[PDB]
Structures are given as C-alpha cells and as structure tokens.
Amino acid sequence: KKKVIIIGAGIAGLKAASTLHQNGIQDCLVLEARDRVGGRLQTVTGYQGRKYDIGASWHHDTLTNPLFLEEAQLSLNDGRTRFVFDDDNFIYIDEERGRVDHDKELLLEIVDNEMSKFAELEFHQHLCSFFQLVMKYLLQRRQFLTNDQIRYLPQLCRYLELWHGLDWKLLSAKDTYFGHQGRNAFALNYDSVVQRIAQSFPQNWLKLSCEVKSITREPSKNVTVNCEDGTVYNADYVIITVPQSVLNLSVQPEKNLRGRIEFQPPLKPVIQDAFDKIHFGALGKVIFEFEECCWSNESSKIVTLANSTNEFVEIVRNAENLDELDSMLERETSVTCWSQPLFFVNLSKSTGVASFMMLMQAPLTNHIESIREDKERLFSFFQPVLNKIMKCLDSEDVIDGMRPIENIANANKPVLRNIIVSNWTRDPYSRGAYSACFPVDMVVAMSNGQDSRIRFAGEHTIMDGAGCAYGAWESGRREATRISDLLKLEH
C-alpha cells in the first residue's frame, strides 16, 4: 500500500521523508513511538520561557557539515539568526587553586597539546583506557614536567570525558583523541531545524504514538510493520532509524522490552556481531537558570577540574614502572561534584541568557538523571562547584530561589530560579549509551542493510559524522536517495 515506511521521526527519519517527498515519491509513512518528532533533538522550555536544546546543541565540523552549511545558506538569504559561533578560550577551575587556565607557570594547555600528540603517535598504524594512556604519558615525560603539571594536567585533559560522555577509566584510549573539522556553532534552535525538515513533507505521512513492535519480510517481497496499538502496515521499502541501543534489544528474547522490534527473519549475524561493541557512555545535561547575570562574561566555556593531590605527584615521581604506578595508586569516599570534571556553558556571553548549560558523563549522568525530580538534592550536589565558578567570575555564592522570596538584598547576587535535567538514560526510546560526534563494523553492517528492502539510517549508520546530528541527517538522505532512484528506474 505504501512505497516506503520510515520508522522513527528523529532527524534521520525526518530527512529521509523530506528527501523522498523532494524526489516525488508518494504514499510513504513515518512511524514514531513518541508523541513528538525530533528524537534526540529536543528543545525544552524553562524559567520565563527560556528555551534549551536538552539533546543536541551544537553544529560540529562547520567546515564540512552539510546540515550546517544548509542552515548557513538560509541565514545568508534571509539574515535571520540560526546559530552562533561560541568557541572560546576555556576557563579551568580547581576547587583549591581557582583558575589554572592560560597560566604563565602551569602552561597546562601546552602540555595537553603534547598529550594529544603522544596519543596520536601511540596508536599510529595500530590495528588500554584513556586513564592508562595518561598515566603512560606522565611516566614517560615526568623528567620534562613540573610538579604542578603532573598534578593538574591529568585532570584538565579529562575534559574529553564530556566529549565522549564517559569516565576516563572506562573510555578506550584509541578512540579518545580526534580532531574536529573547524569551529562549532551553537544551534539557536535545533527545534527550528527539526520543524523545517518535518514540514518539508506531507503531514498525513506522520503517525505519532506508533511503537513499532515487529517488521517482517513477506514471501511476496513485501515488508509488514505492526505498531503496539494494533495497527498494521506494509510497503515496498522500510528505513529503520531507531537508536542503536533500541535496535540492540532485537537480539534479546521477549518482545516485552519497550521499543524492541521483532525481526522476522532475525537480523543476520553480521548485524548481531556488531553490537558486541559500543554502548557505554551517556552524556547528560543540567540547566541552571538564574534571575540575571551578575558574573563575568569573559568566556562562554568553563570546566571545573576534579580534585587532585600532591601525593599523586610524589607517586608519579617515585614509580619505577607502570605496574608499580598502578599498585601505588591505591589509597583509601562518596561521589561529589568535585569527583569528576564538569563542563559549563556560560550562555550569558554567547546568547545573552542568564543560564548555565552543564554537561556530565557516565557514571554520574545516570545517577543525576535518577534524581532529576529532587531539585533540592540537585542544588545541594552542585552548589559547591556553582559557588566556585561564581567566585572565579567576580561574583558570589549562589542564592537558592527555586522557591522564590522577593528580597532586594539579592540585587547583585546570583539567584538560582530553576534546574532542568536531561532524562536520556531513563528514556526507553533512547536508553542505551552515547557516543561522541566524530568527523566501523556497525557502520558497515548498517549501511549494508538487512536486505534490499530493509534499510537502516541514524547516527550509528554512517562514517562521516558518526554520532553526530549531521551524520544522522546525511544517513537519512542517503537511504531515501537510494530508494527514490530505484523507484524511478522501475519505470
């Protein structure tokens, strides 16, 4: 009855639909499990109506990003603002020492650059965790590092944890260091991107609250699709764009799992084997909304470093080898806001909004999202880093005003009015893990499809832009174009 059935209304599924329509293909459907489109692209509303992209927020690799270039062309043609280049000189804060960035003595950024080079050479032509790689660097280069560099550098370099959404002891060293193709551009409305694409094809194509539970290849070469609500569909081709984490459920037994799709026949071994990798990270976000800005806007990029110790330095100095270094690194807790690095975006400088957008990594992410409803507890957890940031930004301790009390004595003090938290690790339609946005087994299997009728798209199905919004976007255009060409050739 239908030419193509797209499962998932994320950017991958939406672009696919936009492409099909663009190429004159009719009678298509987009089945989405949620009651909204966008998927991992979701803009939420907070205090005084302020908006924030709780999912994707930046356009990466702007020198080659096709989606960004499309957005840029639009703004060049209508002068409307669709993004802002917010890269900045990072401000690094240690709880005890305060700012350690661009330090005339520490020169941490310079040694971090050496660390990245060290990583590049370590895996050159290679066919270890991030933590171990850093320890290797310190042992090898200690003769050329001051005491404070050995102490702070490892905590600074961990900003990469926020790129991968994963702790350094769990992140693989080989996939940690990589370069981005140009500046990043903060999207001033990824929802505006979702909207434009979503409205580029006929409305009746969209079917929300349609949780696909099964996909079958009929003997008549037709593909049947059934949603939880009982509805049944069939088409010439199907483009599956559900997240890798959801698709992974298909290999497990019991169709019970929310989101899990029953494949008949099952996904071929090439696909199944591909899941034996990835699915560990989890990027989370916490938005702190203040009444107004009363802090320095020197930079829109701030990172708080986890606590470090001088004993750590003594150990690195005394260790005779890696094994002895590990052994010595055994002291004698409870996780606090200073137990890991945290990345804060000072939206005041970049967008003029008196709010901070903070990124966190697994294992913290899961823990914080699990208490996302307990605002008082959230404030207590982050209060110490929030106050240190304010102190370093020429301001003062944050006033908890989530339960407001108009008081003129707060005039020039930061008053927190609301906290917003992501929920991706607890969302059954996203669940699984997170991967950084990069400019192989899974990519090959996915881009290869189940067969000539069952295709796949999404951020986990492409090389260029892997784990990126533009990658998912491009992967959608890819599958749609492949099918439109085929349909056009039929006659």
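Each form is matched to the other, and the largest set of C-alpha atoms that superpose within 1.5 Å is called the rigid core. Numbering follows the first chain given and starts at 1. First, how it differs from the form deposited in another entry.
With the two forms fitted on their core, the C-alpha shifts between the two forms stay under 2 Å for all of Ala433, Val44, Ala466, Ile454 except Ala433.
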Second form
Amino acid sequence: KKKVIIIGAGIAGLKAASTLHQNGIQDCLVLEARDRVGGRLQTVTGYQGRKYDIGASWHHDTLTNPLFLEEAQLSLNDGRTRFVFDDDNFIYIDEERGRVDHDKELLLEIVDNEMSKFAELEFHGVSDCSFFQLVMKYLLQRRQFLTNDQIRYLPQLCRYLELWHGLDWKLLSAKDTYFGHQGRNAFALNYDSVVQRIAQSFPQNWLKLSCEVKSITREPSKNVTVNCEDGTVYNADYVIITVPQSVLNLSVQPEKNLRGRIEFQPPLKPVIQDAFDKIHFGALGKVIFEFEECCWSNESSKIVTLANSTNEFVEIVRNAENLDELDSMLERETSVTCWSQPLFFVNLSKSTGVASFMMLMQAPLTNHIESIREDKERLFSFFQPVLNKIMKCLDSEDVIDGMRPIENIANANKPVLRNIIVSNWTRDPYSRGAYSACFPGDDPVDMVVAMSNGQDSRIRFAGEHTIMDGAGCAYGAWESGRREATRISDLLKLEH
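To test you: the structure above is the form deposited in one PDB entry. What is the structure of the form deposited in another entry?
Next comes a single chain, given without company.
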C-alpha cells in the first residue's frame, strides 16, 4: 500500500519525507510516537511567552553545515533573521576566586590549548582512558611548566567539554573528547521554524502522530510490514527507521515490553547488535532561568562556573611520583551541589535580548535535576549559589525568588527570577537521553557503518547516530534523512 514508511518525525524523518515528496514519490507515511513532530528539536514556551529550544539550539560547523547553509540562503533572500552567531569570549567563574578567564597570571585558556594539543599527540590510539585520566596525565607530565593555580584551576576549566558530550569527565572517552569544530556556531532563532518549514514540505496526510511502532517485519515477498501499538498494520516497499539509538538499542534486548522498543523479524543482523557494545548515549540536559529583566553586565553570552577545586589537589600533583601513586593519592573520601560539576550558562540577554539564562548540564547531574523538575522550590535552592556568584561577577546582586510573584518596588536593580524550566530527555521513553556519546573504549565508526549499510535493501536507518559528518548533530540527522530518501528515490525512478 505504501511506497515508503518513515518511522519517527524528528529532523531525520522529516527531511526524508520532504525529500521523497520533492522527488515525485507518492503514497508515503511518517509514523511518530509523540503527539508532535520535531523529536529532540523542541521549542517550548515560558514566562511572558518567551521561547526556548529545550533540545537542540545551535547550528554547529557553520562552514560546512548544509542545513545551516540552506538557512543562510533563505535569510539572504528574505532578509529575515533565522539565527545569530553567538560565539563569545568565555567568562569562567570559580566560587571562591570569582572570574578567572583571560587572566594575565593564570592564562588558563593557553594551557587549555596545550592540553588539547597534548590529547591529539596522545592518540596519533593505544588504549583509551577517561577524559579525567588524560587530564591527570597531562598535569603530571607537565607540572614543571605549570604554576600552582594553573594545576588547580585548569582541570576544572577544561571540563566545559563535559557540556559538549553530556558526560562527566570520569565517564567520557578520552579518545573522542576532542573533536574539530568546523567553524563558528550559530544559535538557531527557532529550530521549530526549521522543523515547521521542513514538516510542511510534504503531504500533511502523510503524518501519523501517537503511532508507537511496535514491530517491523521483512515479508519474504518484497514488502515490509509495520505495526503500530494500537493495532493498525501497514505494508511498504521501503522503510526508514529514525528512532534514536538508545531506543533502537531496546530491540537487541529481551523482554519486548519497553516503551518504544521495536520488534524486528528477522532480528537486526549481528553487525548492528555488536555496534551497540561500542556506542552508548549521553545526557545533555537544560535548565532555563527566566528573570523579570536584565540588570547585569552583558559582556559575554557565554559563562561557565567551575566545580570547586582545592590547594591540596595541587600539593598531591606536585608530590606524586607516578601515575599510579597519583591515582590512589587522589582517592580521598558527599552530596552533590551546584559546585560539584561545571555548568554552562548562555546569557541570552546579549545574544537575543531576552532576560533569561539557558544552562547546560551533564550526566549524572542531568538525570537527578530532571527527576525533580516539578519541584521549583528545590530547583531554585539547588542553583541559587551559582546564580548568585554569576550575578555578583556580572555587577549585580543576589537573585530574588519571584517564582510565586509578589510585586515589590524594592526590587529596583535586583535580579528577579520568575520561572524555571527543565528538560526531561532522560525520562522521556522516546528519547532516553540526549544524543550518542562515547564511554572509554567506544568506537563510533561501528554504528555509522552498520546503520548506513542498513538492515537490508528495504530496511534503512537515519538519525544523528547514522552518519559521520555531523554525527550526534541536527544537521547530521537532517543529512542522514536526505541520504535514505534520495537512495530510495533513485531506486523507485529506475523501476521506470
């Protein structure tokens, strides 16, 4: 009955569909489990109707990013604003010392650069370790050329990379930690606008929401059969599975009952199954802090508070005689606070004019914070200390809790918090995390190869976890969507 059935209406699924229509292919479907399209691209609304991408927010690698370039064209043609280049000089804040960025004496950014260079040389990749292990090796080998404060603060500064992978430094693969940024980043002014434009480019009656596909079977007759949970069954010539990696991973697990899990028959070939042993998922999370208005310096749109550090750490590094001795010596034995991990804050006031902070968090904090997302009081109590330090470093004062408003003129030039928004990607069965990430010992290529090769001729895969360029990214998934559709598109046309 159907030419192509696309499972998942995230950017990958949406582009594929868009591509099929664009190539004259008819009778296609887009089966999405959620009651909306967009997938991990979701723009939510908060205080005074302000909007925020709770999922993806930036166009990365703007030099080669095809999706971005496409958006660039549109903006060049209609003069409308679709994005803003918000890269900025990073402001680094330590609870005790305050700002430590661009410091004439700490020069942290410079040794951070040597650090990355150090990592590159290390894997040019005899045995992988965690990012934490690599930073410790660097400090030990280079301590002769590092001051005390550099040894203390640099390791905390370099962990901003945790916010790129969504994983604590002790959980992150050192080999995959440092990747090349192909140019500046462009903050999307509505990834929902990207979703809508693509979504509207194909037959609206093609979309089926709330269709949780439960099983996919390759009928030995040149036809694929798809069954959504409710009971509706379909048959198509080609199927493009774009469900996230974490969801697809349920398939290779026993006890088919998990929300989202699809039953493949025959099962996914071994090359696919094994791929999951060297892939894994990350948990980038988001907390939005909405204030009445801006009353703090807009020197930069990029701010990072560093986890607390100690002088005893420096002493231990200075005295350690070798890697092992350093390791155990570091073993020094609770309760997580906003200062237990680095936190990345986007000061939307400078880049968008909106008096709000978009904060990024990583596992294990993410899971914990998203778990208490309904408890605004606790949320404020948890982040209040880093929020106050930031305001102090930005020439302002302590934040006023106005989540339960009480108009008070006393709040002259005081920052007044009106709302807090939290992501929920780790508890959403259809996402179960943020995007593919590497634990030490992983090999991302495996999954790319297997996914791109597909289960077979009719069973294809798309998604941010199915491509090399832009892997884990919106544009990566977008392109993976075009890939599968164009391939199927050429195949149907050749049937002449």
